[PDB]
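One chain comes next, on its own, written as structure tokens: the form deposited without the named molecule.
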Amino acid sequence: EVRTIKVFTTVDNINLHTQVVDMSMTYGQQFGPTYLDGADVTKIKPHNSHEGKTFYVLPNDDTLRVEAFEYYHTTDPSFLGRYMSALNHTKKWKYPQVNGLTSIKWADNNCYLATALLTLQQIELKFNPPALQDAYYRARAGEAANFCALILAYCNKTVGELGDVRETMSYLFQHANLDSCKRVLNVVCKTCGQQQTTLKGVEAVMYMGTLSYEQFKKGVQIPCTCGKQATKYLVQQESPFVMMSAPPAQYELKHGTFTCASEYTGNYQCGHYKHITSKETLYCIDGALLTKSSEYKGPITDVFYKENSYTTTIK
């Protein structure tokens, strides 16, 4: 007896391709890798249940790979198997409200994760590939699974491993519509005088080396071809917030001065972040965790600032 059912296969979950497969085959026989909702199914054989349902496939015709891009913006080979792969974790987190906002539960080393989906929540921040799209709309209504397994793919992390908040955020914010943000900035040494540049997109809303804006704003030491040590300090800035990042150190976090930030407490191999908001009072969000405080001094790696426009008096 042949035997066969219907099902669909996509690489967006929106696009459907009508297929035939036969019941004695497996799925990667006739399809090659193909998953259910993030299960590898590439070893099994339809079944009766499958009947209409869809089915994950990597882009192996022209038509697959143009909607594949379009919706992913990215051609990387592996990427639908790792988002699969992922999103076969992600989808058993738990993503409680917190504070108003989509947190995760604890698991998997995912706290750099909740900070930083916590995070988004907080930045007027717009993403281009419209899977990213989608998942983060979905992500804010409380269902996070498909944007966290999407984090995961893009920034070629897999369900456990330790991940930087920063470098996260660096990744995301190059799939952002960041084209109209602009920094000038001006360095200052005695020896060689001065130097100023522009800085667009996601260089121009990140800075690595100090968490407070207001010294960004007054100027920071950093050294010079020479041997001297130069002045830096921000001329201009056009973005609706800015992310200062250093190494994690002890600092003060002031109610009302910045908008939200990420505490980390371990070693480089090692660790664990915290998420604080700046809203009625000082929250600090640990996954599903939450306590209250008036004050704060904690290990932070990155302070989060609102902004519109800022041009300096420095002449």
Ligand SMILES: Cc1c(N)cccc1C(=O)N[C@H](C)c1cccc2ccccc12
Contents of the next structure:
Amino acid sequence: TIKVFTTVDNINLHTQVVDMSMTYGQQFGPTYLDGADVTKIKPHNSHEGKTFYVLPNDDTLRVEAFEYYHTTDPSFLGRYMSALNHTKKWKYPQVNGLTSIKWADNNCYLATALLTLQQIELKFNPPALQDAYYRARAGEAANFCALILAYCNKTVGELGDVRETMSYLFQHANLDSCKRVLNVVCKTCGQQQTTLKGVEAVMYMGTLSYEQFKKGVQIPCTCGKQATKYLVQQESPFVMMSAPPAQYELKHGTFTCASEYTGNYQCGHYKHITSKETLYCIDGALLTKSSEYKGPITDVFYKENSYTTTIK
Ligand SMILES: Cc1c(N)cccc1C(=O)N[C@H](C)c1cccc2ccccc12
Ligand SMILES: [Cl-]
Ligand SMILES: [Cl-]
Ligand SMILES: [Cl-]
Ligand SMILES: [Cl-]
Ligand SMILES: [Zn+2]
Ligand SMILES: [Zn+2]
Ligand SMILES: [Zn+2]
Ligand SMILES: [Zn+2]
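Having seen the form deposited without the named molecule, I'd like the form solved in complex with the named molecule now, please.
Next comes the full complex, this chain leading.
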């Protein structure tokens, strides 16, 4: 009868004395080792004193699991562990000082997201995500990638979108201070100012150009006509500007990083462009550099702190 530890968070460990003549499943319910489902398996001898993840089956474990993951979804742990079983076999090469991912299991959108997350200021609310984000920044990204899959409700090999992935992660981040003030000018209706907070204050869909957003973009007015929307005030450490992919020129020093998407809707591949002392293009493990870039861009990230318009 070996001594093991059970946990939902790998911080609070609970000593258990297990029966060597019963499965982990019979004694604990769903039980995992480093991602590997061992519910239907007897305790070996080299399992002695090791840490097992369990599905929460008492109040203490349910509270610990919510405090760590910020979800009570009973499927979360099994989806996280199933993802981790693959993400632990991925390769996380250091490319131009950034942790990337070698191509596997349609993971280009995760590699692009992971590269982006290393270049923008973001604090995650769930300790599971914040802890794994620090570990990923230091080169140990397998756990973080499995969490991103579980929080986005995506499995390994499923096709993914960087913008949708960033949106889910931002909904799990402290963006409460982020504020965006917009003005809409219609010939007829006149001027209406609106204030957005959190995720809606940092994401925009319809133009890649932060400068064009400051000048004004044409949107339909509920009245019928076309109106100009422009940015009045921005308080955030970054903005994400997205549009359906189109040929776009990226200028060294005018943006932080960008998502390149080649191919048809739900049938293409991401590469990541980052502005350093020159432009670096990261394609999983592969790196190329050039002074200029023109290609199909769908996301551009920019630095911000505080912007106020000069438009009266
Ligand atoms: C949306 C999506 C999902 N859900 C999953 C995987 C890929 C994409 C996608 O095509 N995204 C790209 C960036 C994209 C997003 C939006 C519009 C697009 C139009 C033409 C071609 C690609 C477009
Ligand atoms: Cl625990
Ligand atoms: Cl929450
Ligand atoms: Cl891929
Ligand atoms: Cl959260
Ligand atoms: Zn939360
Ligand atoms: Zn795999
Ligand atoms: Zn109008
Ligand atoms: Zn791909």
